[PDB]
Amino acid sequence: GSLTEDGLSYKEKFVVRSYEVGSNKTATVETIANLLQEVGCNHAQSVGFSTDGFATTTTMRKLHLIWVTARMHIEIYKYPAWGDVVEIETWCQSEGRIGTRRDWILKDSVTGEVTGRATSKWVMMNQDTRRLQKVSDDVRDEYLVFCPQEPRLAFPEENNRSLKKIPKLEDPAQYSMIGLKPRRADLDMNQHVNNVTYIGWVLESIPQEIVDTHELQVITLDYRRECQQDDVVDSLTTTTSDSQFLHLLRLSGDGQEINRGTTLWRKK
Amino acid sequence: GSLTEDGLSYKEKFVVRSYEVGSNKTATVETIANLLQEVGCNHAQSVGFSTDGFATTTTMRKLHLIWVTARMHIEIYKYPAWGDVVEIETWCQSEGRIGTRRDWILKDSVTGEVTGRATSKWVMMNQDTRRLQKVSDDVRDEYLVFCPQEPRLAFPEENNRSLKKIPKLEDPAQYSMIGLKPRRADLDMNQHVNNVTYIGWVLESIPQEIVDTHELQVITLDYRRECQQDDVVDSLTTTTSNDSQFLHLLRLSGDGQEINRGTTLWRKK
Ligand SMILES: OCc1cc(-c2ccccc2)on1
Ligand SMILES: OCc1cc(-c2ccccc2)on1
Numbered sequence: 075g076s077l078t079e080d081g082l083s084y085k086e087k088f089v090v091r092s093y094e095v096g097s098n099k100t101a102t103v104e105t106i107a108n109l110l111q112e113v114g115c116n117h118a119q120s121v122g123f124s125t126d127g128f129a130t131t132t133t134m135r136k137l138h139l140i141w142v143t144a145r146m147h148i149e150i151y152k153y154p155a156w157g158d159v160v161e162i163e164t165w166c167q168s169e170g171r172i173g174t175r176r177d178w179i180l181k182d183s184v185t186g187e188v189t190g191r192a193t194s195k196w197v198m199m200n201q202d203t204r205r206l207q208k209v210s211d212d213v214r215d216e217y218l219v220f221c222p223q224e225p226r227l228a229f230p231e232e233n234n235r236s237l238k239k240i241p242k243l244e245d246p247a248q249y250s251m252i253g254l255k256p257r258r259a260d261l262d263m264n265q266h267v268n269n270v271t272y273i274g275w276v277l278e279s280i281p282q283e284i285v286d287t288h289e290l291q292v293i294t295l296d297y298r299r300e301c302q303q304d305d306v307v308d309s310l311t312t313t314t315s333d334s335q336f337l338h339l340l341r342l343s344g345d346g347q348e349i350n351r352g353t354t355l356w357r358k359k
Numbered sequence: 075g076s077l078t079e080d081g082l083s084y085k086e087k088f089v090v091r092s093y094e095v096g097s098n099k100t101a102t103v104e105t106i107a108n109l110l111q112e113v114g115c116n117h118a119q120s121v122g123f124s125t126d127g128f129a130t131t132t133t134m135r136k137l138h139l140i141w142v143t144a145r146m147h148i149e150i151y152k153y154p155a156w157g158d159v160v161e162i163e164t165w166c167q168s169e170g171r172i173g174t175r176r177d178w179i180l181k182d183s184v185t186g187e188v189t190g191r192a193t194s195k196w197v198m199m200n201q202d203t204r205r206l207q208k209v210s211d212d213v214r215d216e217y218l219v220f221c222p223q224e225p226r227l228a229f230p231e232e233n234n235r236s237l238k239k240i241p242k243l244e245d246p247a248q249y250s251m252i253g254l255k256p257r258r259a260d261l262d263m264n265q266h267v268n269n270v271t272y273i274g275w276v277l278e279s280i281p282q283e284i285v286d287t288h289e290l291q292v293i294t295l296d297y298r299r300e301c302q303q304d305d306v307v308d309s310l311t312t313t314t315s332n333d334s335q336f337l338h339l340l341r342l343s344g345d346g347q348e349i350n351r352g353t354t355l356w357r358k359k
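Which chain is which? The protein sequence lines are A and B, in order. According to the UniProt record's numbering, the residues represented by the first sequence are 75 to 315, 333 to 359, in order. According to the UniProt record's numbering, the residues represented by the second sequence are 75 to 315, 332 to 359, in order.
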């Protein structure tokens with residue numbers, strides 16, 4: 075991979091692996107999300123930021139501050155097949171003291187056709203207290219020189235799917251998968267549950283008949299609280315409709348919300 | 075990747091990814107096992123066999139026959155760090171009507187030093203009845219031209235660890251992790267649990283204090299029965315031992347049916 079000519083974005087190509095595909099012999103949405111995280115990490119490394127998923131500066135590390143994902147939104151038009159080469163371009167853009175956006179565009183390397191796009195909202199938090207704090211005009215200045223200054227959006231329209239408010243699923247759920255728990259492979263280098271694991275947990279409560287007859291076109295997922303390595307999660311889903336679903340992940344015992352989301356599926 | 079000059083082995087290089095590493099910022103043993111499966115699949119593709127993990131011929135597919143892993147044995151000297159390039163060479167060799175072996179050598183791409191090695195034993199089975207059968211001359215003949223004919227072993231040593239018999243862990247286990255179940259990411263393209271998932275389940279019952287102060291040097295794992303996508307598994311471990335050694339058993343949560351047994355050897359950091 076490499077920074078582009080203007081140095082304000084990063085591109086990398088990936089060959090889809092045998093263990094990365096689902097029953098259609100094409101990449102799963104979790105494989106796509108792992109590749110989005112990989113190119114985001116390589117972009118941080120290319121310019122000197124931390125490579126632990128938090129993309130921090132030396133000053134943020136002295137203050138115990140990190141960037142954390144509040145929302146992930148992914149839209150896929152065509153999943154790449156096993157052995158196909160997919161090229162992913164990514165960039166960041168500040169959205170004021172509230173937070174920052176990282177966007178991605180996925181392309182078929184042979185045709186140059188756009189096969190998917192994604193956007194994510196990040197907030198700054200103290201890693202120990204978990205309290206959010208607005209971005210200072212000294213931390214912000216460190217990042218501005220690596221971002222485009224004119225708006226560059228993977229989802230340009232005023233109020234498109236990526237910005238829609240997500241309601242809270244009400245009991246009883248139509249479908250559920252309970253007692254889900256992370257194993258060591260689900261953790262990152264810091265022993266935290268990887269953001270992609272929550273996507274897998276959301277999808278566990280979609281009926282197998284939908285997965286067999288449909289393809290996932292859009293997934294929007296809010297992150298409210300972490301699942302600790304010793305927590306247990308319940309995944310709940312209700313049809314709201333193409334087929335559309337509302338999703339909720341909550342801790343198995345007291346029912347504390349950890350994530351909410353929606354998915355849209357197209358018939359094959 | 076590519077077949078080598080003599081066409082009897084296959085080589086491929088991989089750059090270690092950010093999500094592929096553990097707490098030491100080096101590749102996990104599950105990442106290594108996934109790369110061993112990837113290069114095995116690319117080797118099958120390169121010569122025309124199936125690319126579904128079973129490496130079958132047209133004749134085997136007509137007979138509903140597949141190759142299945144009976145044992146996996148991995149020894150790692152140095153785990154590659156994030157961003158490092160590891161080169162893996164793999165080849166197969168028949169061991170008579172009983173089955174076949176696939177071996178692998180892992181090297182540091184910059185230095186050329188051997189950083190790990192692995193071997194696996196495969197048997198032929200009917201995919202529907204699950205009955206094993208001795209390899210026929212007509213099936214074996216299809217494979218012989220892609221394998222070295224003189225012995226080529228990743229583990230040549232006299233009574234090496236890769237061939238040792240594994241005993242059955244007796245209750246009570248010293249440690250356990252109960253109620254493990256696969257999710258869709260644990261399945262392959264044919265909706266079967268990926269062989270690497272069982273390695274992860276075996277390691278779930280190793281105490282975190284061992285993982286934090288030791289590195290996994292050797293893992294030997296026998297595969298006796300599949301965990302179905304709707305089954306639940308219990309992972310049991312007992313210390314058998332500076333080095334620490336463990337005996338492992340995976341069994342179905344309800345009736346206690348064995349699915350895997352294994353051993354691990356760990357060296358203090
Ligand atoms: O303010 C957060 C942020 C992070 C980045 C970034 C830019 C380039 C590479 C990696 C991270 O830009 N803004
Ligand atoms: O007898 C089983 C077997 C499988 C293979 C093989 C050789 C080359 C590539 C893929 C598979 O060789 N022997």
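Mixed in with the good hints there might be a few duds.
Short derived list, chain B residues pointing at chain A, Cβ under 8 Å [unchecked claim]: (1) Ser-76; (2) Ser-92; (3) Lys-99; (4) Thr-102; (5) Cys-115; (6) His-266; (7) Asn-268; (8) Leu-277; (9) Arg-298; (10) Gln-302.
Don't read these hints as lab results, they were simulated from the structure. Where a beta carbon is used, it is the ideal one built from N, C-alpha and C, also for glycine.
Hints, verified against the model:
Hint status for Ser-76 (chain B): violated, given a least beta-carbon distance of 14 Å to chain A, over 8 Å. Annotation: interface hint on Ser-92 (chain B) holds; nearest CB of chain A at approximately 4 Å, less than 8 Å. Annotation: interface hint on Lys-99 (chain B) holds; nearest CB of chain A at approximately 6 Å, less than 8 Å. Satisfaction of the interface hint for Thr-102 (chain B) is found here, the shortest Cβ-Cβ separation to chain A being roughly 7 Å, below the 8 Å cut-off.
Interface restraint check: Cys-115 (chain B) against chain A, minimum CB-CB distance 4 Å, threshold 8 Å, status holds. For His-266 (chain B), the interface hint is violated, since its Cβ never comes within 8 Å of a Cβ in chain A; the closest pair sits about 11 Å apart. With a least beta-carbon distance of about 6 Å to chain A, the hint placing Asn-268 (chain B) at the interface is held under the 8 Å criterion. Because the beta carbon of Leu-277 (chain B) sits about 6 Å from the nearest beta carbon in chain A, less than 8 Å, this interface hint is met.
Annotation: interface hint on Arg-298 (chain B) violated; nearest CB of chain A at approximately 21 Å, more than 8 Å. Evaluation of the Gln-302 (chain B) hint against chain A yields a violated restraint, the C-beta minimum of about 13 Å exceeding 8 Å.
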